Amino acid sequence: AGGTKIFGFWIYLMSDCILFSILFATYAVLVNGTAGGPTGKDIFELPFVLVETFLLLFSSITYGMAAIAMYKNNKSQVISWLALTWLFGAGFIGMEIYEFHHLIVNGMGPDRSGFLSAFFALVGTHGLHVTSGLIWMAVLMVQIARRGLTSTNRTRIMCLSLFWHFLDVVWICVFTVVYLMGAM
Amino acid sequence: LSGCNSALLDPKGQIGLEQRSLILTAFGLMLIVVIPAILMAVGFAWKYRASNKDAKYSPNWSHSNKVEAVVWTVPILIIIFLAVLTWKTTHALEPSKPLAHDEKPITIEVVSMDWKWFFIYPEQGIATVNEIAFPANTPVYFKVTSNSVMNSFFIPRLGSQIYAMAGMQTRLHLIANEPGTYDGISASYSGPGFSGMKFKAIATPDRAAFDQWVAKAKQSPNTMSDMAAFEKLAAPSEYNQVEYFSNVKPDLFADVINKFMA
Amino acid sequence: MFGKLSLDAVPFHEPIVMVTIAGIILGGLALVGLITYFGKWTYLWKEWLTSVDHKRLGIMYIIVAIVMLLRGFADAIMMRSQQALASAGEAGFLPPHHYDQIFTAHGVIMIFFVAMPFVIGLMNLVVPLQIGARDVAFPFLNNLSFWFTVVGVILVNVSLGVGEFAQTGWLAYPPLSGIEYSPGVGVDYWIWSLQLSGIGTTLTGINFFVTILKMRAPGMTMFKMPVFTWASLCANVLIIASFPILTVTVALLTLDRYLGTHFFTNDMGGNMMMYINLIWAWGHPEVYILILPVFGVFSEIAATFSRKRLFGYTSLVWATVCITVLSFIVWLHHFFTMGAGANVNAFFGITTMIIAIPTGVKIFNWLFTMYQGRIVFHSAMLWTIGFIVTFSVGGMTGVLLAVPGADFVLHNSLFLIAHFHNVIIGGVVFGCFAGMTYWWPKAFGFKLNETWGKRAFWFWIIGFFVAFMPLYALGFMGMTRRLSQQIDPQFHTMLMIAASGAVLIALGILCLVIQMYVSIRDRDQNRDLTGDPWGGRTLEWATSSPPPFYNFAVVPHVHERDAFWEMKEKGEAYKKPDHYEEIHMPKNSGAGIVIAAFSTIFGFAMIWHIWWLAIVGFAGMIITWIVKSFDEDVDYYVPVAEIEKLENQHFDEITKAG
Amino acid sequence: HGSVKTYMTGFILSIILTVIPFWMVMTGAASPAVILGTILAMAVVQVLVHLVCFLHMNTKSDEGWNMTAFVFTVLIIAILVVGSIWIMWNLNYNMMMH
Ligand SMILES: CCCCCCCCCCCCCCCCCC(=O)OC[C@H](COP(=O)([O-])OCC(O)COP(=O)([O-])OC[C@@H](COC(=O)CCCCCCCCCCCCCCCCC)OC(=O)CCCCCCCCCCCCCCCCC)OC(=O)CCCCCCCCCCCCCCCCC
Ligand code: HEO
Ligand SMILES: COC1=C(OC)C(=O)C(C/C=C(\C)CC/C=C(\C)CC/C=C(\C)CC/C=C(\C)CC/C=C(\C)CC/C=C(\C)CC/C=C(\C)CCC=C(C)C)=C(C)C1=O
Ligand SMILES: CCCCCCCCCCCCCCCCCC(=O)OC[C@H](COP(=O)(O)OCCN)OC(=O)CCCCCCCCCCCCCCCCC
Ligand SMILES: CCCCCCCCCCCCCCCC(=O)OC[C@H](COP(=O)(O)OC[C@@H](O)CO)OC(=O)CCCCCCCCCCCCCCC
Ligand SMILES: CCCCCCCCCCCCCCCC(=O)OC[C@H](COP(=O)(O)OC[C@@H](O)CO)OC(=O)CCCCCCCCCCCCCCC
Ligand SMILES: CCCCCCCCCCCCCCCC(=O)OC[C@H](COP(=O)(O)OC[C@@H](O)CO)OC(=O)CCCCCCCCCCCCCCC
Ligand SMILES: CCCCCCCCCCCCCCCC(=O)OC[C@H](COP(=O)(O)OC[C@@H](O)CO)OC(=O)CCCCCCCCCCCCCCC
Ligand SMILES: CCCCCCCCCCCCCCCC(=O)OC[C@H](COP(=O)(O)OC[C@@H](O)CO)OC(=O)CCCCCCCCCCCCCCC
Ligand code: HEM
Ligand SMILES: [Cu+2]
Ligand SMILES: [Zn+2]
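Protein chains in written order, with the authors' numbering: chain H, 21 to 204; chain G, 22 to 283; chain F, 1 to 658; chain I, 12 to 109.
Extracted from the complex, chain H is given alone in its bound form:
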């Protein structure tokens, strides 16, 4: 039944991909609706985005390490790699929250313009997905610690693997379409 669950989660991720696509289309439509406020070029700090991108990529690689450890039946290495992945994802989330807070306190929040609304929607939806992945990862780490690498937990590790790698893929799309294209 594990294979069925992993396939079903893949299908759910396809639906999530279409969700993100709708957000991307909205951003493309509203990118120039800046309403006399900031444009992407006036707020996108590329080194910050690069650090965030590297954090998310490192988290993806560390989750790959955790999955490898799982297939070697090494509980301790699985937990350690999951903890490192959690820390990298938490860093990504912290940087994103800091960026959003900076925009908000300077009257640059989603209510300022259509462009800012779309930017907040897309980037914050990705961040909400990352936060859900982090809560899921914490629950899964506790469960693995309590009961080890059972078949249930192995299926859950695979499902979360799909989710986390998909989040980094969405982030590749996000940084390319939003940050690099706005900064250029």
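In short, the hints are calculated from the structure, not lab data. Do not rely on the hints blindly, as some may be mistaken.
[What the hints assert, rightly or not] As a list, the in silico DSS-like pairs of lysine-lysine whose alpha-carbon atoms are at most 27 Å apart:
1) I/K71 <-> F/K214
2) G/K74 <-> F/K570
3) G/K164 <-> G/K77
4) G/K118 <-> G/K164
5) I/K16 <-> H/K61
6) F/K576 <-> F/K645
7) G/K77 <-> F/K214
8) G/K77 <-> F/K645
[As the list claims (entries may be wrong)] Just a few of them, taken from the derived set where beta-carbon distance is under 8 Å, the chain H residues facing chain F:
9) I26
10) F27
11) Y32
12) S35
13) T46
14) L50
15) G53
16) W106
17) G127
18) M128
19) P130
20) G134
21) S137
22) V159
23) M161
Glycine included, every Cβ here is placed at the ideal spot set by N, Cα and C.
Assemble chains G, F and I with the ligands onto chain H, guided by the hints.
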């Protein structure tokens, strides 16, 4: 069902006449295949009822290349013809397309309000609520916008409707083939006053009658010479009676649109 | 501490709404008291509410759909009466503030909580049986999906007595639905009902898709599945691909209303045309989601009651696949008149009329299934024939609307109302009634009364035509949708004829209610002993009626299309297996109902801006999810003795019959 | 199921395909068209690298239905995004004061 003297089946404008022809053509083309479907449903139901012991019974007959080929191809031919006609007519009946006509068009600016229609005659320097006049057999160029919410400017007996969006300009070209008074509506629900968003489009016999109507509007004691007067008029109201304004502010349509494009 | 919620939210001043609230409360109290008196609370909780059995969940879906059909039709009757009165030159009894609520709620209810739950429940009941599976892939997910649908139903019904529902039309176009022009709670009721129900709908799509792909019995290749299974698969593909669109679009509207964002506002860079684009990009796939399963139902019924193989199986399947793919490239025909220009309009009109070809292929394949058959005029077959006629007419008018030149003068007219009611009632409603009649013996073990079923069919079809042909005429006379006050008198005759048609439909619904009552009363004389009352052709008829809670003691092995028919033709039906084995089954769970209750609290709190309560509800949803994730005992084995007993009773029935 | 080697290969390839676009945009390496084409192409290639190395996408998993679902989803996304952009571009052009 339909109605012979209906607004769409008995149109008084060129656009409406072409649209009637298009509707009838599509109806006939589709009937070609729809009528056989219904007749076959009923006739097969009757003829091959379980009671009838004379009718041929073929329990295991499930595929026929000839039958499948026909049922696939006939709709394909019908739809190819329909699609060619669709491309041609959609490009010919494009609402923003100016009409080919000897007479110069009259520009009427249209602003939907809550809940009544405001009209500006920029060339004649007058404005009206819920009533427009123009010479018959004279193309009319409609510039359409909204002050609050989505509406649809529609004169059914003359032809195409067009959406009215705030901060946006849509363009519609109509022409009346005969003089008369034609009912106008909003075709996009816009709130509690929607039912009363009716206006009259008066197609005059000649330019003299339209000029008399313009002059009658010009003797209005009221004016629309400032955005404050427009805002006063735009306060929510329903079932607005016909009103006339003289000395309308120039570029008033542009100002209404610019209110939403800061 | 109560947000915006206050006693003023209750519409005391409104007599009609207050009478309705009192009536619903009294009915709920009566139901609670009857359940208490018969002491069935434990039975209900243990066998239906927490059920993870797809058959129970399908029945519950259909129960919800029928109950909400009652309210939707009451709304329709009120609208017809108001329009008849207003076209005579009278105020009527529904002012715009109530009438606009009524038509918005009617649309939302009939689409999301009548049509959707009906087809979903039919698929839930039938699909696992047809493919030879014992359950859906994710049974607990199935239960949770049903309860999210119930959450939506509860929210939309609560909007009756607390606050009001949206007055924007059933898709809530901004900026009319935005905070500026819709400051009340109605749009928020709309938002949260739709969002919470859409979560469950998306999960159902995933569940059914995986179920059909992965849980089929050995030997049943894709092109040996019953056509209804193909239709369900395509519908679930559309659900998975399209309902995320609705999720996002409603979420963006929510951000606009709550956080003052500028996605769809008139100013500050917003663009409401984007909302219209997105909502209809979801919306057309929705109508195809509704219609495909009933196409499958009609395929099954026509083959069964023609006593003949379905004609052109491969052609039918590929037409279904074609419709599925093409349903995503046509959505702009819903706003042809917004002014996209000739190129875009022409392209989308052409795609719209292209996707009509496979539907005609399906219609003619059914006709040739009836050709040279032996047609038994069971009420289900009457529904099928009536569907062919009515849906042909409706689809014809739809294709007419696909031509942008004609749509320019028919858009939002009562011609459009007539078209989509023609297709909806002729296809979806007719097919739902047909499938309900067809599979009632499978679900419950006895047949419906045929006399009242046929009366219901005749009332429904004749009343539909009387109710909606005048609307085609009215569309040609220039009458637009959503008119309620001072309707122009020349529409009055058509509006009266439409009202009389609506009364005929009301009689049809009464006939259905009487049919259910009489069938239940006389169930002992109309038992389905063999599990094959109609001489069916697919595996669902290979089981007992009702099927054992595990469906099949032994997973069947299929060799051809119409596996059960081939088993009957080869004498292999009703063969006692040499031995039985224990069956793995999922346990019932109350977690789904708890998550749904927390979701209901969360939605209600968000509607009334009770922030602390919304936090409590959301935290409850997530925490219940996690706690369930910690559960280990979620399955059990059916002892071989139980299976032996059930199979022996079924085989005693089979031997007694013949 | 992958291996350490393929994960590190994907890691290095992702690092390169991420660094180059950022450097190109930050430093104005080439003309705007060249920069845009490069970053879009490298983003697509990096997505493929992640799908292969990290998600182990292949034509055999789940009887091929894994790949089938992904390809269908990509097609649906292309339809939705491109159609929305085209429709909105045309609508906005027709909404102007011309
Ligand atoms: C293999 C696994 C690996 C596959 C994956 C790897 C490949 C990746 C590619 C993607 C996969 C492609 C699909 C392959 C399916 C694989 C499974 C399989 O084949 O075995 C199952 C199955 C075997 O089941 P079975 O148990 O053995 O029983 C079968 C019986 O033997 C059958 O007995 P029968 O008597 O019932 O025969 C029925 C016969 C119908 O009966 C007839 O023989 C009469 C023929 C009617 C002619 C009228 C054609 C109608 C279409 C009009 C098109 C107009 C031109 C289009 C121009 C473009 C538009 C501008 O067939 C039809 O139903 C025709 C329906 C065609 C409608 C498709 C929509 C039209 C657009 C596509 C144009 C190309 C159509 C080719 C027509 C082929 C004709 C055979 O195979 C079949 O279905 C039989 C062959 C029919 C296949 C139909 C092909 C669909 C075409 C879609 C192509 C779309 C273009 C690409 C766009 C994609 C992105 C948008
Ligand atoms: C499940 C319901 C359902 C179904 C199945 C359909 C099917 C179709 N619809 Fe309909 N629709 C539905 C429900 C709705 N439609 C709408 C709106 C809508 C609009 C927008 C018009 C406007 O807003 O002004 C158009 C153009 C169409 C066209 C079509 C077409 C071409 C089909 C085709 O799929 C039909 C194909 C079938 C045919 C033709 C009949 C059988 C064929 C025969 C007999 C043989 C072959 C014939 C030919 C080749 C011609 N629809 C709306 C919006 C209402 C709102 O705004 O609130 C709703 C709810
Ligand atoms: C605007 O409202 C309108 C409609 O909607 C648009 C209508 O439906 C209708 C037509 C209504 C019809 C008669 C349809 C009847 C069909 C029925 C029986 C099926 C309805 C389905 C139900 C059983 C609801 C199922 C969901 C529920 C269990 C959720 C519970 C929701 C409830 C009952 C509403 C909440 C009401 C509150 C508790 C009121 C608050 C109470 C107060 C504090 C005091 C109350 C005082 C009074 C006098 C008792 C009208 C009258 C209308 O104008
Ligand atoms: C425009 C866009 C608008 C829409 C915005 C959308 C925002 C939400 C987007 C994020 C959606 C999150 C998706 C969560 C996926 C988790 C699905 C899941 O449960 O995995 C299935 C896996 C299968 O294993 P199984 O044994 O069957 O257990 C099933 C559960 N009992 O089961 C497991 O592995 C166990 C999982 C345990 C449960 C973990 C739940 C954590 C996620 C909670 C989500 C809410 C987070 C709140 C975020 C902060 C809000 C401020
Ligand atoms: C589903 C759609 C997703 C879209 C998300 C974006 C919309 C949210 C935008 C913020 C609301 C508007 C500002 C109101 C608030 C406002 O205007 O008040 C201004 C306020 C600053 O004042 P303070 O509250 O600090 O001052 C209080 C003191 O004076 C006394 O204690 O800003 C904030 O603190 C908000 C910053 C939150 C930033 C983090 C949230 C970002 C979104 C979530 C991203 C995902 C990751 C989260 C994981 C935990
Ligand atoms: C919309 C709000 C819904 C209410 C939510 C809160 C639920 C409250 C009940 C939970 C505690 C129960 C503890 C069990 C305690 C226990 O073991 O005894 C529960 C007991 C079960 O006994 P039985 O009725 O089967 O009779 C026992 C005999 O058969 C001898 O064995 O039932 C009751 O007495 C009433 C309980 C349910 C009352 C119903 C609640 C109201 C629901 C209203 C919904 C509308 C109607 C639609 C229904 C389809
Ligand atoms: C959106 C959903 C809204 C609710 C829909 C209406 C249904 C209401 C429930 C029907 C009455 C159930 C009668 C139990 C009948 C009964 O006797 O219980 C049966 C059951 C078992 O009791 P027994 O004494 O039979 O023990 C048998 C043992 O062998 C254990 O299996 O008790 C429970 O486990 C608790 C179930 C009641 C509690 C469930 C409801 C609570 C959740 C819903 C409320 C939300 C809470 C959160 C809000 C903050
Ligand atoms: C005019 C419009 C043109 C329409 C053309 C559309 C073409 C459709 C071709 C689909 C690709 C099929 C390749 C499967 C290749 C594969 O791995 O499957 C292999 C599968 C074979 O299954 P079996 O081994 O059980 O054997 C079945 C028979 O082929 C044996 O004779 O092929 C099929 O028969 C599938 C038939 C198409 C059914 C399509 C289902 C719906 C597709 C969408 C699924 C994704 C949803 C994701 C949710 C977001
Ligand atoms: C501040 C006010 C707090 C009031 C919260 C009300 C809690 C009432 C719980 C009723 C549960 C009914 C049990 C039915 C019994 C039943 O059948 O359901 C059982 C079901 C799952 O339990 P198991 O996993 O043991 O499975 C049992 C069976 O289902 C076997 O399959 O639900 C739970 O136990 C989840 C508990 C959720 C607990 C929610 C915690 C409260 C959340 C709010 C906290 C807010 C904090 C804010 C922080 C920012
Ligand atoms: C049972 C018979 C039905 C009747 C008599 C009926 C009647 C009507 C009426 C009178 C309207 C308003 C028309 C207008 O604007 O003037 C309408 C709207 C509508 N109906 Fe029905 N209807 C019925 C069944 C259904 C069903 C089964 C569905 C869908 C599943 C449905 C969906 C709708 C929708 C979506 C609208 C548009 C609501 C909108 O204004 O926002 N109807 N109905
Ligand atoms: Cu459509
Ligand atoms: Zn516009």
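Next on the checklist: Check whether the Cα positions of G/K74 and F/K570 lie no farther apart than 27 Å.
Outcome noted: With Cα atoms ~26 Å apart, G/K74 and F/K570 stay inside 27 Å; holds.
Next on the checklist: The hint names H/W106 as touching chain F; please verify it with the least Cβ-Cβ distance against 8 Å.
Outcome noted: violated, 16 Å
Item to check | Interface hint for H/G134, Cβ within 8 Å of any Cβ on chain F | outcome: Since chain F brings a Cβ to about 3 Å from H/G134, closer than 8 Å, the hint holds.
Next on the checklist: Less than 8 Å between beta-carbons is the criterion; does H/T46 satisfy it with respect to chain F?
Outcome noted: holds, 6 Å
Checklist entry - Once the shortest beta carbon distance from H/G53 to chain F is found, is it less than 8 Å? => result holds, 2 Å
Checklist entry - Regarding the hint that H/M161 lies at the interface with chain F, is the smallest CB-CB distance below 8 Å? => result With a minimum Cβ separation of about 13 Å from chain F (threshold 8 Å), the hint on H/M161 is violated.
Checklist entry - Can we keep the H/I26 interface hint, with Cβ of chain F closer than 8 Å? => result With a minimum Cβ separation of about 10 Å from chain F (threshold 8 Å), the hint on H/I26 is violated.
Item to check | Closest C-beta approach of H/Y32 to chain F relative to 8 Å, hint status | outcome: This interface hint holds because 5 Å falls under the 8 Å limit.
Checklist entry - When you check the alpha-carbon spacing of I/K71 and F/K214, does it fall within 27 Å? => result Measuring from Cα to Cα gives roughly 15 Å; hence the hint holds.
Checklist entry - Is it true that the CA of F/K576 sits at most 27 Å from the CA of F/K645? => result holds, 12 Å
Next on the checklist: Checking hints one by one. Is H/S35 an interface residue toward chain F, by the C-beta closer than 8 Å rule?
Outcome noted: At 5 Å from the nearest chain F Cβ, H/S35 passes the 8 Å test, so the hint holds.
Checklist entry - G/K164 and G/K77: Cα distance at most 27 Å? => result Given that 27 Å is the threshold and the Cα spacing comes to 65 Å, the pair is violated.
The structure is inconsistent with the numbered hints 3, 5, 7, 8, 9, 16, 17, 18, 23, although it conforms to all the rest.
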